[PDB]
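*Asks:* Here is what each chain is made of, one letter per residue.
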Amino acid sequence: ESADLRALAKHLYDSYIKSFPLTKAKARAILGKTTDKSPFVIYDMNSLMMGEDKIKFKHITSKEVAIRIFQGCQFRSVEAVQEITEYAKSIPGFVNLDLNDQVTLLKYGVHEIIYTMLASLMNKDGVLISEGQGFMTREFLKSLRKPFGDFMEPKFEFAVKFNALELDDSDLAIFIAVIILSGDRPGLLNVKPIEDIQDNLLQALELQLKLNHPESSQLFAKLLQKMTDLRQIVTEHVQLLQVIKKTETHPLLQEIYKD
Amino acid sequence: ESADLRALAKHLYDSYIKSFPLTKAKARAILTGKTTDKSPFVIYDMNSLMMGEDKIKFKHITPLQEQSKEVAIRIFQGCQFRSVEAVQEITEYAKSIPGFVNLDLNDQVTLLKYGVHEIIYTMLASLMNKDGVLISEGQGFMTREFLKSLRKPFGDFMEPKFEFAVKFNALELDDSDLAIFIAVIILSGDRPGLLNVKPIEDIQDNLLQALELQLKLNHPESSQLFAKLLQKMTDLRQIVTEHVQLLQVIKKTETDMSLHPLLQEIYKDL
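Chains A and B are the protein sequences, given in the same order.
Position one of the first sequence corresponds to residue 1 (our numbering), numbered consecutively onward.
Position one of the second sequence corresponds to residue 1001 (our numbering), numbered consecutively onward.
Keep in mind that a hint or two might mislead.
Unchecked claim - Partial list, derived from the structure: chain B residues whose beta carbon lies under 8 Å from chain A:
{"id": "1", "residue": "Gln-1077"}
{"id": "2", "residue": "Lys-1161"}
{"id": "3", "residue": "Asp-1205"}
{"id": "4", "residue": "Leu-1217"}
{"id": "5", "residue": "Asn-1218"}
{"id": "6", "residue": "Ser-1222"}
{"id": "7", "residue": "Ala-1227"}
{"id": "8", "residue": "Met-1233"}
{"id": "9", "residue": "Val-1240"}
{"id": "10", "residue": "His-1243"}
{"id": "11", "residue": "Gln-1245"}
Unchecked claim - No more than 30 Å apart at the CA atoms, straight line, and that leaves these computed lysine-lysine pairs for DSBU-like:
{"id": "12", "chain 1": "B", "residue 1": "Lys-1252", "chain 2": "A", "residue 2": "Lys-155"}
{"id": "13", "chain 1": "B", "residue 1": "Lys-1113", "chain 2": "B", "residue 2": "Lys-1148"}
{"id": "14", "chain 1": "B", "residue 1": "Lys-1232", "chain 2": "A", "residue 2": "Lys-192"}
{"id": "15", "chain 1": "B", "residue 1": "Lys-1228", "chain 2": "A", "residue 2": "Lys-210"}
{"id": "16", "chain 1": "B", "residue 1": "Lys-1268", "chain 2": "B", "residue 2": "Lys-1252"}
{"id": "17", "chain 1": "B", "residue 1": "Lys-1216", "chain 2": "A", "residue 2": "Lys-192"}
{"id": "18", "chain 1": "B", "residue 1": "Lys-1113", "chain 2": "A", "residue 2": "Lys-124"}
{"id": "19", "chain 1": "B", "residue 1": "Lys-1167", "chain 2": "A", "residue 2": "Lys-226"}
It is worth saying that the hints were derived from the structure and are not from the lab.
Where a beta carbon is used, it is the ideal one built from N, C-alpha and C, also for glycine.
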């Protein structure tokens, strides 16, 4: 009954809160009033350099600033992937799946989930970095050299539209689960169970959206159609990655942050 | 009330039958073996193609020297004007979508500019099965294999269409479903360049409501089909792009073959 879907909804939520440090609620308060610890604003080359100094960076140390930002973005991408992999393991039924299938789903669902949540740390003027301690302005990012100047923009554009839906953490938890249980990933050895689980997640999400957003007409449908926006954001990111790789192309560091 | 939603479904289904000669119902009866219709002539090779001309009448593109005005090109020019026809048909359909003609002239053109092809492959599926596709109103049937064996660049145009058609057809949707779905596709508020997005989103929202009702009523047992169908809109975007790159390869592999102006204009695309 309803209960069953809510139980699953509460579960994914609590699981989402444990797996992810910076939630959308927290990020919003930061982006948002809660004035008494405003983030360090990076909008300048000097801002950046004071920032790397003042604020905390576990990924670095004459090498373009542009190239050191893009790399950073990647380093952070790899952290999120572990957070996501742990959360996926809490989705009822995910572990019982063929181990290879689990790997393929994660392998293809990671970018989509990464960008969905990035929107939670974004607004039309910038993004939260250093897991909330900072805020890199959109203008500063768009301001980087040729290939690197337009690498976050497509993401900011998606964020503005996705955020229009005004979803919250409890909404997003079920949503990212649906994305992981995608039966159309290439190489899947057994689609039925995956598809059988996404179906159950889709009902939980639909009910969750309806109880959580009575007035928000057909929100379920609008969210599901934003899933194309992501696919395009993903296809489009691997393309710049192509370009770049014909700019830049440590050996041990390259192995950890492969794709 | 849902009564307003059913009326809307009934209305769109009606305009759909009126705007599209070859429906899915007719397409299937011809493909499966029903007496309600006749058998198609099958084009599975170079010679069936030859024989295809007499029997099957298209006039579109019939002979132009040996396979030199290449069977490939000839088939392509044909598939071009068929596309042009579909566009006109989808255009006529769109005019009946409540509210669509009441929008800014600029947006109407932009909605069709981007919705047309997504609709063409959605509907083209009804004319396909893992083995081939109906051509010339269903009079003919061209094999997936004949089509994949063409000149280096043209043997790649239809495959991702078949690829999509097989999974999409797995949904077992009928004409009453597609009419509302096709409507939704057109009323896409996120199209690039839309001056007014709001009037459009309010119309799609109602259509989404109509489609949502339609599915659960027409497909009682097919769980979450509504979400399953919406997610299909993704495979559609990839069909389009995938194809634009090919049109770009064509535009210069063959500088002697012409592209229909209509199709050309709709192409400063996505």
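*Asks:* None of the hints should be skipped; say for each whether it holds.
*Replies:* Results of checking the hints against the structure:
no.: 1; hint: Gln-1077; in the structure: 31 Å, violated
no.: 2; hint: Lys-1161; in the structure: 17 Å, violated
no.: 3; hint: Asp-1205; in the structure: 5 Å, holds
no.: 4; hint: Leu-1217; in the structure: 17 Å, violated
no.: 5; hint: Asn-1218; in the structure: 17 Å, violated
no.: 6; hint: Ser-1222; in the structure: 10 Å, violated
no.: 7; hint: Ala-1227; in the structure: 5 Å, holds
no.: 8; hint: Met-1233; in the structure: 6 Å, holds
no.: 9; hint: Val-1240; in the structure: 11 Å, violated
no.: 10; hint: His-1243; in the structure: 15 Å, violated
no.: 11; hint: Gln-1245; in the structure: 12 Å, violated
no.: 12; hint: B:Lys-1252 <-> A:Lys-155; in the structure: 33 Å, violated
no.: 13; hint: B:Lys-1113 <-> B:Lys-1148; in the structure: 28 Å, holds
no.: 14; hint: B:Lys-1232 <-> A:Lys-192; in the structure: 17 Å, holds
no.: 15; hint: B:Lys-1228 <-> A:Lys-210; in the structure: 18 Å, holds
no.: 16; hint: B:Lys-1268 <-> B:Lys-1252; in the structure: 17 Å, holds
no.: 17; hint: B:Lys-1216 <-> A:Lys-192; in the structure: 21 Å, holds
no.: 18; hint: B:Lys-1113 <-> A:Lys-124; in the structure: 28 Å, holds
no.: 19; hint: B:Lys-1167 <-> A:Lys-226; in the structure: 21 Å, holds
Violation of the numbered hints given earlier is confined to hints 1, 2, 4, 5, 6, 9, 10, 11 and 12; the remaining hints are satisfied by the structure.
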